[PDB]
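Chemist: Okay, here's what each chain looks like letter by letter:
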Amino acid sequence: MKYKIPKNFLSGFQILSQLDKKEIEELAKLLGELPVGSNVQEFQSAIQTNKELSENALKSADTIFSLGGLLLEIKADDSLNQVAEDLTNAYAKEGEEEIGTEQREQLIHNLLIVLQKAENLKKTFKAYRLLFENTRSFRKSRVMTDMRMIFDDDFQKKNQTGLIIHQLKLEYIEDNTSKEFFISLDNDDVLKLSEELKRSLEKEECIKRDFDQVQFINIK
Amino acid sequence: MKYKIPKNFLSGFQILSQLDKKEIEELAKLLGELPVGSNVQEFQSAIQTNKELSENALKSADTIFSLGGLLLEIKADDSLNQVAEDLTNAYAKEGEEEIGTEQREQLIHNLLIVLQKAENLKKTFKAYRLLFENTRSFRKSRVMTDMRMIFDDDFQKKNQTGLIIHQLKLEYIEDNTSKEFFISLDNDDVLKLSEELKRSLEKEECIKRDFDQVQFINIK
Amino acid sequence: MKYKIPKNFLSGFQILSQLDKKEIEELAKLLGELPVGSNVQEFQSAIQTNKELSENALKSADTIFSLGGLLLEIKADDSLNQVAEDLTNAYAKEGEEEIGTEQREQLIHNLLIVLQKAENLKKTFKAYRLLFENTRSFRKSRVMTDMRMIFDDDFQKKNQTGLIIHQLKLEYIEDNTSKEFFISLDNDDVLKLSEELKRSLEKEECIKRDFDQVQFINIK
Amino acid sequence: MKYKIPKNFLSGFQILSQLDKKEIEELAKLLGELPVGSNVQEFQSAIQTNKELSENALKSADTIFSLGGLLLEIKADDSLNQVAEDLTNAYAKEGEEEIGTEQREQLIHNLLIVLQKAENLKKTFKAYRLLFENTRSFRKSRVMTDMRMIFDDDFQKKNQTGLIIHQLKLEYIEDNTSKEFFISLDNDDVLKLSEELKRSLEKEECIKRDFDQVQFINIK
Amino acid sequence: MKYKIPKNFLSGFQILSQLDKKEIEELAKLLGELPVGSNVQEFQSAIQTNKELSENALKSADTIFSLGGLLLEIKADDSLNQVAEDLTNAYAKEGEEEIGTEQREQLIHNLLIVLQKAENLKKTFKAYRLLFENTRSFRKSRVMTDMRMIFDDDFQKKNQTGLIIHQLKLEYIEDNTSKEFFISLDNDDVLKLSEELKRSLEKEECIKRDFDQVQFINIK
Amino acid sequence: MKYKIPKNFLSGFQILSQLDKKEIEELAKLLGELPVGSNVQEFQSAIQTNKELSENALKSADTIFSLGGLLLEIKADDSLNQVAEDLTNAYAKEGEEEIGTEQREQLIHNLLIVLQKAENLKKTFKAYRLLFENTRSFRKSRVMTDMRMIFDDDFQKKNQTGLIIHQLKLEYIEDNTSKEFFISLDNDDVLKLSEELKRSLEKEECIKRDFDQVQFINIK
Amino acid sequence: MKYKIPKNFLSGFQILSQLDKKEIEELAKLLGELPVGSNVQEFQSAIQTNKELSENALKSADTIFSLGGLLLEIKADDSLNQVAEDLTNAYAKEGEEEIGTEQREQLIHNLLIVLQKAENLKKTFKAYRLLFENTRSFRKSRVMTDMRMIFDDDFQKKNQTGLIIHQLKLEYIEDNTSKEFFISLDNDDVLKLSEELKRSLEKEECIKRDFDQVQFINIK
Amino acid sequence: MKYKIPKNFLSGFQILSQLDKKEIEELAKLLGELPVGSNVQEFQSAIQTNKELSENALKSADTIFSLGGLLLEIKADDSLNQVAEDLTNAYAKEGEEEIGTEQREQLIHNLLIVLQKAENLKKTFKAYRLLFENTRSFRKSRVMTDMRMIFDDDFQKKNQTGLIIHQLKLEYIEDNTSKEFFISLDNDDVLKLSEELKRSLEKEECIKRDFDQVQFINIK
Amino acid sequence: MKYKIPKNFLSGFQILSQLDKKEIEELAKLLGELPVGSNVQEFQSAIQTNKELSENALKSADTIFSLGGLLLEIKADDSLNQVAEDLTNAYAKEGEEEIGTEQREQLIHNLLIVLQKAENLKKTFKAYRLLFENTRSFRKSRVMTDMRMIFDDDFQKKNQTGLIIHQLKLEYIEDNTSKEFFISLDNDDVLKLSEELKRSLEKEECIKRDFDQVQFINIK
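Line by line, the protein sequences give chains D, C, E, F, G, H, J, I and B.
Under the authors' numbering, the residue at position 82 of the first sequence is numbered 82, and the numbers go up by one with no gaps.
Under the authors' numbering, the residue at position 111 of the second sequence is numbered 111, and the numbers go up by one with no gaps.
Under the authors' numbering, the residue at position 28 of the third sequence is numbered 28, and the numbers go up by one with no gaps.
Under the authors' numbering, the residue at position 158 of the fourth sequence is numbered 158, and the numbers go up by one with no gaps.
Under the authors' numbering, the residue at position 66 of the fifth sequence is numbered 66, and the numbers go up by one with no gaps.
Under the authors' numbering, the residue at position 190 of the sixth sequence is numbered 190, and the numbers go up by one with no gaps.
Under the authors' numbering, the residue at position 58 of the seventh sequence is numbered 58, and the numbers go up by one with no gaps.
Under the authors' numbering, the residue at position 132 of the eighth sequence is numbered 132, and the numbers go up by one with no gaps.
Under the authors' numbering, the residue at position 207 of the ninth sequence is numbered 207, and the numbers go up by one with no gaps.
What the hints contain is simulated information worked out from the structure, not anything from laboratory work.
All C-beta atoms in this analysis are idealised placements derived from N, C-alpha and C, irrespective of residue type, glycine included.
Do not rely on the hints blindly, as some may be mistaken.
Stretch by stretch, here's where chain C covers chain D in the computed footprint (C-beta under 8 Å, at least three residues) [to be verified]:
#1 128-134
#2 143-153
#3 182-188
#4 202-215
The shape of chain D in the complex, shown without the other chains:
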């Protein structure tokens, strides 16, 4: 079929098919005003705080935000109108209802209205797509350090000496698989790494500064 439709989005598809023309047009306007990099939580909170929006939009907001992952899975080589028609067929086949012709056309028209524009969201999910062409990425880390004292073969001598060691442990996702990695350190190397990363941070700040003509974004 046209799309690998999740079975949970079917209610959102029904809401969008039955949604009012005013609501879809206003949502399209707001999406066209959406800045790049906005996340799902902020979008849904803004929808909630918008009084003119019924709960239908918020209940379908996740589906709307999910469009960015399929807005680029589709390509300019195809006609958005035919994409809307085929996806309406896919939803009527695998979704909640075999939509009647009038609501089928309403859903297709709403798809065309909303799937159009969608520029900043599509670019955001492209940045995310360009982001993870790689193999792996961090998620978190934890630092652990221990100290241990030095003893004698015969304890007729009191313990005067010890040793301090350091450990780091990190977490990351590789090829859609979560992972972690464990290492032990000494303070001097930690300081050296701090110097390296501080130098790279200054580089990054200078890069912020270099192209005042262009914007550079953090995407989460």
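Take the given structure of chain D and dock chains C, E, F, G, H, J, I and B to it, following the hints.
Modeler: Coordinates of chains C, E, F, G, H, J, I and B only, in the frame set by chain D:
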């Protein structure tokens, strides 16, 4: 045999067997004055700068420093005198010369003189031994970062946007085997890691401060 | 050929072939007086301290002691005379000399004289054979213990608490391959193990006591 | 959600949400009086023997003791108040009831009261956490020994001789997986190991003695 | 080339090329009188005891016996004359000498004389070939049995009871690879196996008896 | 719980709990008269042929015979009284009925009466336990032999010759897993193996004879 | 139990248990008249065409034919009467009905009547058993051939040349697993293989002819 | 370098460099008259039988025939003149002689003369190249068949029955690696395969017949 | 040592150590005039065509070009003077000569002169370094296509139909390992791929056009 004698230390063993009584006693005194954690390079440089020492000591200094790795490979359960005798036999069997009885006894006596004392050096190599009961340890790392701009399907629109990414690569030894590991980062996580490691550094400083009654050393 | 002859035993075979009749007969007598479980070092030391024995016996003593490993590799189903003849052929083919007929017969006769009797030595090496039908056995072990103190998140509180841990490491041979194994313990389990092994030791002593009619040996 | 809530603790969560203010405050006091290293069985028995405590506390005692494993899974970087709120939400979502606002606030307040303090319990579970950063640990062992007699090829000779062997078998957990290991011994090595472990025990006693200023605990 | 010529048979090939016409004809006669199943040792001993045969035949007897393994490696589809010519070329190329034309023709003629006939030897090596189309075959075995007594937890009771066990170990060749296999038995199963193998032996004797019109051979 | 109670033994446990005092005492007497090595079938048949025994004993006879496998799974270090109490609790928790206090005490008392004594049965199952510390054991075997005739490339010659081969196939259990093994033989090796096993059988008979002071049993 | 009873044969077992004495005796006679190698389809068709036989026999004919696979799974070492009794017990335990004593005895008697004789069928399934002691066997094959023409780099030259190739593909069962194998051929090798297989066919015909005293069968 | 020059072709390259102009031109003519599919042996025999050709051509004939494998390893995209120059350089660098300029030019001119034309040979080696784009191909096979008789459990019955089986074994090269494959057959399947391959042979003959306008070749 | 010195560059190092001051200064000037992306062949050809340069420069030109791979293996964190000193030591230790002090200083000074500047070459090898942080890259490919005709089961019908197929094969290096990959295509997909790659080529041209302020290079 008593020891897995390196074939390069044979000249050092010959020098020690023929070494003067004054030189061995003075070297034993200096070693008994050696602070814990002193490395081979510093010891050899100090030997060189000491005028009373002939080149024999410096040429055997590496062997002297190598004793710490076998000073603990031996154990208090054995008699140092018999250890010296057996190692003299091992050297006379696998080493340069089948030592004559007089020089055999001279070598054994010199071993007893110098292998005795050797407290701080033995404790240093114990710290190194207690150090690497683990599996792996760092050696170095390198930070790499890249930036990339965002484009349009049709370049009727000028490029206004881009994305900045960061990469770290690290090197380490595991189970006597050198290794490396590669990861990509974002600035926020780098800052968070900096905060973590700075907190741990403050912890380490407070640990420096906590036990004024005991010393804690960095060993290299 | 008859035996997988070591190339170092060839000198011992030559000595035995040329050895005096008095010496071989006396050695056969002494071997027939040998108690079970005697090791090579004790046998060679006794040979050295025996004045009537020339250095030929001591230089061939290791070969004599090596017979126990091949005294059972052979079996009663074969004639010791033909075994001696075939092994003389094997030595003359792979060994030092193509023995002349007179010394060939002398060697065969000496083999028959000495390979005969050899009761306690053969039984000792059978015990060793019955010993290692298994897979693995110990060789040594080492006990290691460490202690570590408990700290606070904020060191406004002084450290009042710590923890003590124990470690054991062991060495063993499996299937002719040396091995080791590492574990960490607590004092209570160490005490419990001490109780178990003490109970088993009392069992072993009672077993010493139970069969006064039979002897039980430790073989090394 | 906030926590990987076990589905059996839901009743304990309900009890805690509906629990009396006097009971939660008294339990918080008792927990603040709890010494480090106390185990679940002793805590529950003490709760049972305490007359002022209803069966609600004992039925939720296991959940209370389970907090130590999640008291450190959380970290000081987060606000305990928000932790309580989020975990109340998690319980109301995955647990028994969609708690009403009044009992929701009661549960959050009770969490704040009891999750606070909890110093010795948290330190105990930290010691357990610091305990098992390793790979494996014992659980038990069993000692087995056998004896076997020596025979002749022809039994015209009566059996006068035998051999005694010893076996040890041990059990341990590695990486959350139970394991065992099997070895055979001789009495001499058993005695040698006894000597080693006794020496280490004397070391441990001297370590007990060395730091009178600090306490060291056994945790089970 | 025609054959994977062993480099040790080259002397035998030279002897055969230079061998007398009378000797080759007599050897061909004797081989045509050879019964099936005769082994190399018996053939060589008979050659030695035959006075009319020079040492040339015995020194080439092993090569003659080796022909059976290549007498069937060749096939009736090829002309024995051309086989002799090609193998003479192979020997002159890889062997001792680039044979002169006269001795080349002599060798080819001798090959034709002797490689002809060779009926019983060829059939014997065919039986050996038909023998080892399988995967594996025995070579030897050894039987081992042990007995062990039953003890009490407290030896206030004297040992009245024991247990007897049996072991068998076997050796075999599989796919040109030597192998062994180990098992433990009880007396009853040994008796049952004895009964089975005795029944099969009676079957084999009846099979000896059944076809008086045909002969059946043991080949070694 | 105390025991991994089979769910089929629950009826036997109920019968034993409700069983008469006379019956349990008589069964304990009979078990104390039981010789070592008696199997379940013989015990149950004897119970059936005993007129004073009701069907309760036979229906619980299998459970009684199953005690030997758990009579040694328990150990002398534990109190049989507490073992009976804990197993009564285990049965009342996982078994047919939450036994009333009077029948609970009756069951515990019956367990103490019958679980006591049980000397020969416990020793029998110990022999079985000492039996299978190994890896594998036989269960059966089958002997197969075939004969095949020798033919010619051209059948102008009548077939005069053939070959006889032998095969053995065996079955065994390894590590609680059934197994089999297949081999082909020749008559001579079969005869040799017969000689070996007959020699070992004579050894076993001489071992029967050697210790008239002790008994040795076959256990099935 | 006695047999791994298929759950579909239970109806056949019921029919046989209730079958008339005349029918079972007549079927036993017919089976004793059955020639070796008869397949299930022919046997069932003959049963159908036999007017004296009710549909009971045909409905149980498959079970009757299935006996050959278990007629040899049993062995002469066991009593056919006890085999019938035990299999009647197995059917009454795992089959349709807990047979009443009268019909149980009827079934056992019918088994004894019919399981007896059964000579040619048993020998047929033995031939099938002797057949598949091997690893694999054919099931089918398919021949495929293709031809391709030769072209020029520049087609200013007309194509005058081509190449013809051949392919064979085959199917077989190995170790109860179906398999296939694919190869490409040339006409000359196909002709050579035809010659080989024709020669072997002539060999097989001569083998048909050689032993007029014995019969040789094709079994399917 | 230009070509992976074999070190044995160096003499052929020298001969070609020093070869006469008449000889190279005549050889080029003959090669231009060579039909497609001619093999090395036939070409060399024709060269030998040609009186006008010196032994130089035959000694370089193998190199000439080897050109087809490198005549297509080169491609029309390159200039044959520059190919000749570069290969002359390669031969002068890795070959016998650092050719003088005059003989260097002679060799290049001879290469251009002979490497030109070479149409049928190049097409032949292209057919061979187009041949082995696949993975594997036959080399030979062998057919083996056996027969075995059927016996009784008790030989009171004479053997009346037997079974005949068939075996095929084949050899092939895969990915430049020689291989073989073993299977057992029955006469019926052999006949069926004969029918299949005969049908395919008739297909191949009809394919011979179909395109009278084109030729199709067998290449060896 | 400082560098993993190739043993072939030793002559280049000697030449550079003995090289004239004028030559090294002129070469440094020329290198500072070198544009980015220049390859070794062009650099060496330019050196050859430069009359003022002796053959010393060309013979050391490859070493000079090899500096880019080690100019970045070193880093700005180190002093180029000390790098030159350490590499002079490395060459004097592992290279041709233990350089005399005067020529040692000359070599160090020449290294400082030439290793300095080197901007475009270093950036070129950085681009190559930034190039192959990936895993693999192409080297070549080859396109192959075939056509095949459609036939009938019975050739009473003439062949009117066929099928055309296409194949592509490609070569690439992965992780310093050469590789290839094989696929079959149809004309339509080839056309579609042509359209895709043409669109991407237009994109690349527009990218050429977009940043007139910056240069973008092809590096080989």
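Chemist: Hint by hint, say whether it matches the structure.
Modeler: Verification of the supplied hints:
| no. | hint | verdict |
| --- | --- | --- |
| 1 | 128-134 | holds (count 3) |
| 2 | 143-153 | holds (count 7) |
| 3 | 182-188 | holds (count 6) |
| 4 | 202-215 | holds (count 6) |
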